[PDB]
Amino acid sequence: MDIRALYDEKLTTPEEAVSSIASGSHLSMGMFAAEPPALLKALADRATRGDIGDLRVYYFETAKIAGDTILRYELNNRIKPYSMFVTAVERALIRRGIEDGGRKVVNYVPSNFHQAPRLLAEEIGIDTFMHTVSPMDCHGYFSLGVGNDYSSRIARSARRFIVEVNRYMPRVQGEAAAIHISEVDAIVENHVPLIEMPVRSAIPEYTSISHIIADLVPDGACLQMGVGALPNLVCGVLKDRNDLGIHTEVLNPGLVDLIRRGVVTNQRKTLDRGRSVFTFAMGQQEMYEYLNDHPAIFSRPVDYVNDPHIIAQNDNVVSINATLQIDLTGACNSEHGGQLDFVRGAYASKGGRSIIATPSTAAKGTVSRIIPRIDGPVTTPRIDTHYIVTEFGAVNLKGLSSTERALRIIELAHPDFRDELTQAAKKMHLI
Amino acid sequence: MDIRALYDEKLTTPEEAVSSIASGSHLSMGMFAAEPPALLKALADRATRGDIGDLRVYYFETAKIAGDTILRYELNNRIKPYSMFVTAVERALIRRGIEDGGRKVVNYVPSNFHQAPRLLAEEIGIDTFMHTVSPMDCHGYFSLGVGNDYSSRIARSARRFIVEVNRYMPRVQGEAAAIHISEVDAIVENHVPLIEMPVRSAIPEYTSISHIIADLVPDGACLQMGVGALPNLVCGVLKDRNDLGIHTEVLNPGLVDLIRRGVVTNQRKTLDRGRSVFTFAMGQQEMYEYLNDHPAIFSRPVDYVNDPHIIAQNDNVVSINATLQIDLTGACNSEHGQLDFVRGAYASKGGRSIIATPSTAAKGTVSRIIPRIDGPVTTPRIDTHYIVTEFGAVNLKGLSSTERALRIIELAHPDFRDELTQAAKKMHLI
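Protein chains in written order, with the numbering used here: chain U, 13 to 443; chain Y, 12 to 441.
Keep in mind the hints are simulated off the structure, nothing from the lab.
Each hint should be verified, as a subset may be incorrect.
Said to hold, decoys possible - In silico SDA-like cross-links for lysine to any residue, where the CA-CA straight-line distance does not exceed 25 angstroms:
hint, chain 1, residue 1, chain 2, residue 2
1, Y, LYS360, U, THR415
2, U, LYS116, Y, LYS437
3, Y, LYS115, U, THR415
4, U, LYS116, Y, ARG418
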């Protein structure tokens, strides 16, 4: 009942906060900007001093904060990274491990992001959860801010929950987004700016792509949008629209701009009418500040947002994702869970469209991103692909034969490669 | 108003019935036993006479009926197979084509079985549909019998619907399973036994395997069982359970036996309480006869039955499917459809998806546990729940790549664990 008394009792230093984490246990943390830099530096220091060991850390969407501290290659023998998604940080480790006599240093845990809450809480189990939070409000609640995802579940299921208060973390309204002090085991404070998503340059091809994509977005569309230069530009094209909605996996600066412009009203959604729904947020300082106390933005846990069945309840969903390669069948590959939840959900939505877009080439036009056959596991299976788009147009693949697929996909390739690809298709018997 | 008058008006010969189908149009037909033999023979003949061309046929689960009629190789240029699953019949055509001068002769259409009704009705478009049906009842309705699937949907969407009345087709109750006479364009009669799935004999491993699986089936389970001896036999170890339910893609003999025995009450299901749900059926004459007018069996369309969200509604779902290979990561491969239930069972409260296979093939000489699947998979590794061989069961959910590989190598036959362990080390699955 005395919230200022509980806060003072629980408030401590980063060093002391992480000091009681058991060796040989399971720890998890928020995603990206949610990762708590002061707590993680102190924990990394505990390993450096040889005072903790055999600590498994299970997580998604790592940022420079985790990579610079606990995930640093030298602590790999004491803090074991159990990544459930592989980003730039793990790729760097993976390469280092290969060069060190094919040593294994990342313990990839295959999973569905939409199942993360259940996997972490039930099959795996998380003993300690750490997350950056907004400042306590006058009723005693902290907000997970940029993060909802699996965090709102694991913050509660973990045997200890440690928070890092940071005034740069927006106070976001959402389902289980708010956590009462009575539910927090320790508090440290570190007011420092949130980590930013790098702003990436627009290549020329995105212009034609954004216009091709934009023709495929109807009024009343309910947007889900990934990150990058391409989706931002698309958001740029949609500024003249009206009455759009948002139900997105990640909330990004392009989408927020449409909110700021009054383009997104959410009045045509079936679920969460009136509110922009997302499961975690990434962007730049201007966007992070804008989320603070916004009543028309509402974070929800990932097992809700990325449930394809939930997605489909909104009419006219448009899912826009990027990929690196598309093959002649055409399966798509985004590497070299998130996305796939929305491909399925958007197709299921009434009037819904799933769009996957890529420029037709890479490397100053020397490499085709339209290829004969993806190498190994794919991102988007060919049975799920709906609409693909390059600077040369768009194709809806649903119901097309293998031959019809190969022929139409080749026509989206750069002219320099159509002859080469046509030959490959006959050799593969796609014809 | 007068059904007897409408019937005689529409009744005709297979020849005349199919004589009007336009060249260059799209046709589809029921699955398996639903494939109308008289109508399809008559259609194949038009192609032989050279009286029809450029006809695309879109379908799933070919049966020797279509295999021996419209699908015969010599007609490939006139009746074009647009296959949405690839089974034994298409393999044979495809192999023959390669021998006929690297000629492309089968068109594969990638799809989700549970999207089949929409893909076919809306993306592809179907003009003529043909399906075997039970005899007209005294209210003027035929039944799709052993077929619902996408058949219920396309019978209505096609410009023309042609039925083959067969007294051997059971009269089955289900959603849209009954078709009024005013919804039918033409009728032919051909009373002949339905196609049977071959009965297959058990191999010894199924005995250990069935036990391991049985032990994973909780009180009041809601079953889906995959076609084949393995699932058929696990049904057998369940002769003793009580209050089981059925919500399955295919209704097979093993499941029907549990119904016959009173083991299945469906009283613990949340959806379709009291009724066994399936989307199409395959078995032998004894099972087909048993379905006739059964009030506790209810077919529903595949876009309902195979919707993972629907599957999950029922508590304690158990999905038992078989496969040919499991790799060390470990995805599964069923080829030389079911993914919906792998997803649905895991989502069910108390649900389990089980995929099982003997650990070896070729008299113990080939391991069915392999390092990495060659090409595209059936069940992806992020979706696999429980995998079973005669050496035990493992729940893969939440396991790391190392944890997956180590427990999986122990499910391989001992002759192979070392050879497999070394491959894993080389792949850095370690």
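Q.
Going through the numbered hints above, which ones does this structure break? Give me the numbers in ascending order.
A. 1
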